[PDB]
Amino acid sequence: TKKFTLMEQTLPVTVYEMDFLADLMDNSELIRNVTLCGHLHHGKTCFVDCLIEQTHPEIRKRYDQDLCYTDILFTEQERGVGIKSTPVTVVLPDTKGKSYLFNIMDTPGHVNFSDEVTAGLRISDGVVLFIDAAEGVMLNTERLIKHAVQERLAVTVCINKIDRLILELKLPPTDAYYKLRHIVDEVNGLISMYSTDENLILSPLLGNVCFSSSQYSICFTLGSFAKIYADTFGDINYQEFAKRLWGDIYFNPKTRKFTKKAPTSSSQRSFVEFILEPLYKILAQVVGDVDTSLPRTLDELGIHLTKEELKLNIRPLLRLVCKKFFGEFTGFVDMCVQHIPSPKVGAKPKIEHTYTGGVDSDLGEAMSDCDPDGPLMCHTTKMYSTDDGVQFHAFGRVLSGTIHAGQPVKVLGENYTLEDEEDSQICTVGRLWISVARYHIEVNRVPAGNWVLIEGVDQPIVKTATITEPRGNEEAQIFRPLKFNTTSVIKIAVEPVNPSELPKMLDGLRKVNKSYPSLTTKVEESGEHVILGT
Amino acid sequence: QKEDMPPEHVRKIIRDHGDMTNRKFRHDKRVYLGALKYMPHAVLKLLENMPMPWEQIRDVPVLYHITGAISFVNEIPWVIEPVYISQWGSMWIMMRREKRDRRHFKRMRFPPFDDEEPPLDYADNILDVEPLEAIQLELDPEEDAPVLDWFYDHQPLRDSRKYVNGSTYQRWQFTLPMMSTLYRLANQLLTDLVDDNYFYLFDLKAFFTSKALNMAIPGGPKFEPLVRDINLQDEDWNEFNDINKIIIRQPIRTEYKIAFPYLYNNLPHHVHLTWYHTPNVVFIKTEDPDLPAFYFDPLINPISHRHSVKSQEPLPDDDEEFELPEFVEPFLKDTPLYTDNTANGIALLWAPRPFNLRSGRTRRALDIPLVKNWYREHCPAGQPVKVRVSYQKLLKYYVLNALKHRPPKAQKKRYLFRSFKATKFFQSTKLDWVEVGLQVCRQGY
Amino acid sequence: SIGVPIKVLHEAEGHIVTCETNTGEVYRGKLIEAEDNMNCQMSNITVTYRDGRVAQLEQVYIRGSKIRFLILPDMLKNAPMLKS
Amino acid sequence: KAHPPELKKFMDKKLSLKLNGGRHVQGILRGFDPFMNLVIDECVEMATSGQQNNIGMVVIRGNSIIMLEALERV
Amino acid sequence: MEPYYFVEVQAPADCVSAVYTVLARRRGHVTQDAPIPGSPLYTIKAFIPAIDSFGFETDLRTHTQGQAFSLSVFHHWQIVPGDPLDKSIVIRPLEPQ
Amino acid sequence: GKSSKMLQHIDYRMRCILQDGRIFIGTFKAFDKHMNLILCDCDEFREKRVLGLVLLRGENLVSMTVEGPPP
RNA sequence: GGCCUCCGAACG
RNA sequence: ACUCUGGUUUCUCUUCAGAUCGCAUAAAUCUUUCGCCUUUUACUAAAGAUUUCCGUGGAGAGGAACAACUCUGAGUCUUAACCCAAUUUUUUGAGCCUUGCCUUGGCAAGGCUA
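Residue numbers (the deposited numbering), protein chains in the order written: chain A, 99 to 632; chain B, 57 to 501; chain C, 2 to 85; chain D, 3 to 76; chain E, 828 to 924; chain F, 4 to 49, 63 to 87.
Hints were generated in silico from the structure; no laboratory data involved. Just so it is clear, CB atoms sit at the ideal spot from N, CA and C, and this is done for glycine as well. Some hints could be false.
[To be verified] Only part of the chain B face toward chain E is listed, based on derived beta-carbon distances under 8 Å:
no., residue
1, 87
2, 243
3, 247
4, 249
5, 253
6, 255
7, 257
8, 261
9, 305
10, 309
11, 336
12, 354
13, 355
14, 356
15, 385
16, 501
[Unchecked claim] Derived BS3-like pairs: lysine-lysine, alpha-carbon spacing no greater than 27 Å straight-line:
no., chain 1, residue 1, chain 2, residue 2
17, C, 31, A, 196
18, B, 477, B, 80
19, A, 355, D, 10
20, B, 428, B, 477
21, A, 358, A, 159
22, D, 10, A, 358
23, A, 446, A, 244
24, B, 313, B, 449
25, B, 313, A, 620
26, D, 11, C, 31
27, A, 194, C, 78
28, B, 452, B, 469
29, A, 244, A, 561
30, A, 101, B, 460
31, B, 389, A, 409
32, A, 581, E, 872
33, D, 16, B, 366
34, A, 446, A, 196
35, A, 581, A, 100
36, F, 36, F, 5
Sequences and hints are given; from them, build the entire structure.
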């Protein structure tokens with residue numbers, strides 16, 4: 099046996115109903131999806147480990163091992179990234195009080211793996227970036243910013259390991275606000291420096307960036323800090339608070355008097371005092387001040403722990419303290435829905451720049467497909483291996499229609515066209531699969547507007563192939579494939595040692611090429627099989 | 057319940073009448089045949105009794121046979137903490153200071169046998185007077201004083217707030233200054249820096265990868281041909297796979313094929329490899345105990361704003377009227393800079409496994425209180441040939457024990473050595489390494 | 002600081018809901034926004050008067066104190082708010 | 003608390019204001035307070051007989067408003 | 828025509844000079860070198876030929892003693908030193924040119 | 004003091020009486036200080065109609081009584 | 001640019 | 001702010017631990033490959049499956065030692081200075097008339113108010 103990884107066969111989560119969450123994501127428009135990458139190997143999975151850790155009741159303790167589910171890719175993910183990106187979805191509440199359905203797919207940091215991460219990013223209508231506070235923006239952030247700018251997809255700046263980079267380097271608050279302000283100046287400078295409109299408006303007050311730390315797993319933002327500080331005292335200030343939260347201002351003795359210009363002797367900036375002051379002091383309350391100041395700061399912050407829990411160790415008490423203070427997810431969903439567009443509003447330009455034929459009967463078929471239902475048109479994403487290596491499930495985007503179990507669908511190929519489709523063939527959907535953390539939910543019929551996995555399409559599915567209704571629906575089926583934004587360089591020709599292994603090498607090359615659409619398997623004129631990758 | 061008998065009565069009486077033989081031990085003959093018939097009692101007892109040079113003390117309770125045949129000493133290793141590892145390593149630092157001094161060395165050696173007639177009863181004089189030797193560590197700037205009181209002990213903390221609070225060993229606990237002075241005295245001995253990629257691509261999964269691919273490294277252990285027998289090749293297969301005229305750039309770097317299992321296609325069977333890069337983090341080194349909390353590393357911010365951009369809504373009315381500070385605007389009043397060794401604790405945030413563990417649980421001081429192997433991993437050229445190959449031999453034993461793994465299967469029961477006291481067998485008592493060890497020597501004779 | 006039914010009212014934002022004021026007019030449609038005082042801003046409303054006549058109105062916003070009750074979809078009855 | 007209702011989407015928009023007792027007025031919203039008092043420009047009262055009269059800019063108390071309705075797309 | 832792989836590298840000054848010596852050993856003509864701020868972390872992007880870029884990361888991290896974390900990608904193209912079809916080009920199979 | 008008076012009646016079937024004479028019956032899952040009623044599978048009496069999940073405001077409520085055990 | 005298998009005791 | 005609930009270390013016995021590593025973890029047996037070899041024990045160094053030592057972990061039960069130290073979930077957990085309510089409840093405005101239905105009682109609808 100010894101299957102590589104188990105993506106299914108897990109228990110349910112806490113405060114999550116399959117009825118309410120499934121029909122809620124497949125019914126209203128509050129559902130959305132995105133993928134957060136940014137810099138390569140900047141602790142992207144750690145975010146999904148924090149969200150899934152706050153969702154499911156059983157989560158791996160950070161002290162024992164990584165919070166991610168065990169037996170995932172084995173040394174592939176254990177060494178770094180590995181998975182060319184896998185989809186996941188969960189229901190995350192928001193700071194406004196209303197929950198939401200968010201599908202987040204972690205992305206690898208490797209070059210070609212980032213190209214496949216963009217190929218998978220062509221499905222969702224939005225993307226977030228993971229930028230470590232230490233290294234700032236990496237090459238994967240620049241290339242991902244160029245590919246995301248060319249894709250016209252909304253991106254959300256997300257800072258990772260903020261308290262880890264500032265705590266390990268012992269950065270002062272002035273160099274923390276100035277350094278982070280320089281990183282945001284480079285993010286907005288590259289976004290506005292890319293092309294088209296400057297309306298992105300990347301900034302902490304605009305809610306485009308979220309300051310988080312993977313060491314203590316503390317996710318915060320402007321509205322999150324204003325909601326926590328206002329929740330403690332002065333809850334009447336919410337919008338006017340976060341708007342005046344940082345900016346350039348000082349806190350003047352008049353009670354609140356915020357100085358826009360001049361030092362006014364108060365502080366170098368308002369975000370340093372009112373933001374970095376309770377932040378860095380919370381991290382400083384541990385370590386040397388951990389045992390000493392625990393009753394004073396813990397009693398002042400209202401947090402409490404058991405005698406054995408508080409005496410556990412430095413880092414477990416730090417992640418547990420951040421869980422007892424900033425552990426509530428606020429800026430992620432609040433800053434998400436405020437950034438990520440709705441399904442229709444983000445779908446219309448996406449369907450305009452995605453499918454070939456637009457306008458009537460095609461974009462109109464997709465426009466009418468958005469809210470109520472589609473006329474059975476499935477524009478996928480990709481296909482990954484199942485729990486067994488025999489078959490492979492197709493994890494893809496559904497543009498229109500409610501996929502029914504066993505219902506036929508017309509799936510075209512790459513070179514196939516709407517006028518004449520040679521590769522178009524009907525197929526039945528065995529079972530629907532929704533990927534949530536380490537498990538998956540099988541459904542018979544999944545309505546339109548959700549990216550899910552299905553079975554029954556293996557051989558006719560090659561790379562990215564959209565499915566259409568068996569009725570012969572016209573007007574631009576088989577949506578255009580995603581561009582990897584890279585050129586094939588490395589060519590590795592593999593030949594079987596035994597001559598009888600030729601069919602195993604051909605079939606293994608077909609299934610391997612379908613498992614990694616980024617690579618290109620081309621048979622040489624001399625008869626050898628050569629591979630091409632970035 | 058088993059109670060401790062008088063040591064001089066059972067010890068002196070048993071061992072006194074035991075070796076006399078004649079008609080007193082005539083019935084004890086077979087009992088002595090059982091004593092000599094049991095090897096592991098004296099081996100595990102003597103090896104289990106290790107007062108160590110780091111302290112000066114006596115040994116522990118032991119069960120001496122009611123017939124005077126032999127005894128056994130059951131003592132758990134009871135490894136204390138990295139402060140204890142810093143007590144042994146501190147004895148190594150002070151031992152190095154004594155090595156630099158004393159221009160005229162000592163003799164030592166001298167196995168005082170001279171054939172054999174030391175049937176020494178002088179243990180009574182060992183009870184009379186005491187050497188009061190070893191120890192000799194006075195170093196502390198009013199810091200390690202609690203660890204100085206815990207420097208030499210069989211049970212470092214008898215009873216306290218943070219402690220094991222057991223008979224011998226239990227879950228460890230300590231305070232912040234114990235970690236401070238622990239990293240101080242431990243920092244005086246051999247200490248490891250941050251891991252990052254320096255600790256990788258060398259041993260553990262890397263060594264298992266080198267042994268799997270059966271290829272040498274820039275120095276290190278060596279294993280075997282493994283699955284490969286002698287030679288397997290073909291004239292048509294070599295001409296198809298390779299080429300007489302091909303591209304030549306680099307001379308096939310072995311390190312490139314090591315970390316890349318796709319680069320070397322020869323015998324990719326049962327290989328644990330492909331650990332990609334590292335986190336590539338940066339740990340700020342310590343400095344003199346001065347202020348401020350920021351070490352002022354090179355930064356040079358890009359001219360701060362320099363006419364870049366600003367926020368929105370710069371209206372003073374909505375600003376001063378946007379908040380009502382009815383409570384304290386900051387979290388709490390404090391000085392989170394130098395307060396309570398915030399620099400020493402901040403440096404303690406990144407610490408090795410023994411130091412970063414804070415309060416410990418248990419460890420074996422008779423098995424692995426040695427960090428020297430990892431310190432010897434990837435040794436520079438500062439050592440001679442024989443020392444380099446010897447380091448490759450130490451890494452060869454560590455790589456053998458590492459690659460051996462373990463089948464942690466089930467076991468029957470423990471305590472069976474101590475469970476032999478259920479019926480009448482022996483009687484324990486508090487004894488010393490000279491008294492109990494000398495009794496084991498008489499049990500050998 | 003916010004009641005559980007009010008939090009459910011926040012969770013129900015974005016679904017087709019039915020509202021009846023203190024004067025008896027029935028308003029059914031999607032709920033755009035909901036406040037702590039039960040101010041409801043809605044879209045695509047089909048009005049039912051006390052006489053039975055109906056009409057179509059694009060945008061309405063109702064005072065919180067003037068609402069007799071609200072009708073929410075059954076999708077919210079399972080969780081998160083179920084507690085013993 | 004003291005959260006003012008958000009009319010910022012209805013600002014400078016023609017409104018249809020239903021009042022208790024069969025009273026109906028229409029006009030443009032010039033602002034609001036936390037007490038739901040409305041400043042309505044060009045307010046026209048709808049009589050029960052169907053006749054219209056322009057009463058000008060007026061203040062409308064939030065107590066008596068059953069529902070406020072917008073006649074434009076916001 | 829072949830692409831030119833650019834590799835951004837993170838390392839101290841000594842490992843940056845050693846990285847320049849490695850690129851010189853591979854005859855790579857780099858991109859730029861800068862003392863990356865926010866922490867004294869030297870970051871140097873490198874323009875390099877794709878043919879000589881094999882094993883650049885392995886030998887880079889190996890020569891840096893567990894440092895100099897870098898990443899490469901295809902950038903632009905190289906026009907090659909000269910035109911093919913030369914009668915005197917053939918010298919020896921093992922000897923590089 | 005105990006405050007369980009409203010906490011006892013959770014999940015029970017409750018017959019509600021309004022100020023205008025209407026009668027609401029539904030599974031009572033929640034309340035608040037404002038007397039906001041949460042009625043699952045609620046019905047209206049005056063004539064019976066199917067309501068479903070209904071959130072009733074506390075200003076129009078008069079009295080309540082236990083209809084029966086939870087379904 | 002480095003890699004250093006070695007390693008004996010009885011009986012007979 | 002009242003009351004019922006009522007705790008810590010050590011020593012044994014019985015189960016479970018193909019475990020996220022029982023952190024720096026030893027030895028033996030057999031099927032073979034190999035090393036040198038004049039036969040054996042020992043022995044050179046790799047694979048596999050069969051195991052033991054030093055340990056060690058979880059649960060339950062039985063003991064002593066300061067135990068009278070304190071925790072515990074809940075139980076109706078009965079308080080006066082001063083200024084205030086125009087969207088949720090103790091400073092907040094309802095009634096009358098007429099018609100139809102119901103055995104009446106009563107219910108539904110419309111109108112009237114100032």
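Against the structure, the hints come out as follows:
no.: 1; hint: 87; result: 61 Å, violated
no.: 2; hint: 243; result: 21 Å, violated
no.: 3; hint: 247; result: 17 Å, violated
no.: 4; hint: 249; result: 10 Å, violated
no.: 5; hint: 253; result: 4 Å, holds
no.: 6; hint: 255; result: 7 Å, holds
no.: 7; hint: 257; result: 7 Å, holds
no.: 8; hint: 261; result: 14 Å, violated
no.: 9; hint: 305; result: 6 Å, holds
no.: 10; hint: 309; result: 5 Å, holds
no.: 11; hint: 336; result: 4 Å, holds
no.: 12; hint: 354; result: 4 Å, holds
no.: 13; hint: 355; result: 5 Å, holds
no.: 14; hint: 356; result: 6 Å, holds
no.: 15; hint: 385; result: 28 Å, violated
no.: 16; hint: 501; result: 56 Å, violated
no.: 17; hint: 31/C with 196/A; result: 15 Å, holds
no.: 18; hint: 477/B with 80/B; result: 25 Å, holds
no.: 19; hint: 355/A with 10/D; result: 26 Å, holds
no.: 20; hint: 428/B with 477/B; result: 40 Å, violated
no.: 21; hint: 358/A with 159/A; result: 45 Å, violated
no.: 22; hint: 10/D with 358/A; result: 25 Å, holds
no.: 23; hint: 446/A with 244/A; result: 22 Å, holds
no.: 24; hint: 313/B with 449/B; result: 24 Å, holds
no.: 25; hint: 313/B with 620/A; result: 24 Å, holds
no.: 26; hint: 11/D with 31/C; result: 17 Å, holds
no.: 27; hint: 194/A with 78/C; result: 20 Å, holds
no.: 28; hint: 452/B with 469/B; result: 34 Å, violated
no.: 29; hint: 244/A with 561/A; result: 23 Å, holds
no.: 30; hint: 101/A with 460/B; result: 23 Å, holds
no.: 31; hint: 389/B with 409/A; result: 24 Å, holds
no.: 32; hint: 581/A with 872/E; result: 25 Å, holds
no.: 33; hint: 16/D with 366/B; result: 36 Å, violated
no.: 34; hint: 446/A with 196/A; result: 25 Å, holds
no.: 35; hint: 581/A with 100/A; result: 35 Å, violated
no.: 36; hint: 36/F with 5/F; result: 15 Å, holds
Figure legend: structure checked against the earlier numbered hints; hints not met, in rising order: 1, 2, 3, 4, 8, 15, 16, 20, 21, 28, 33 and 35.
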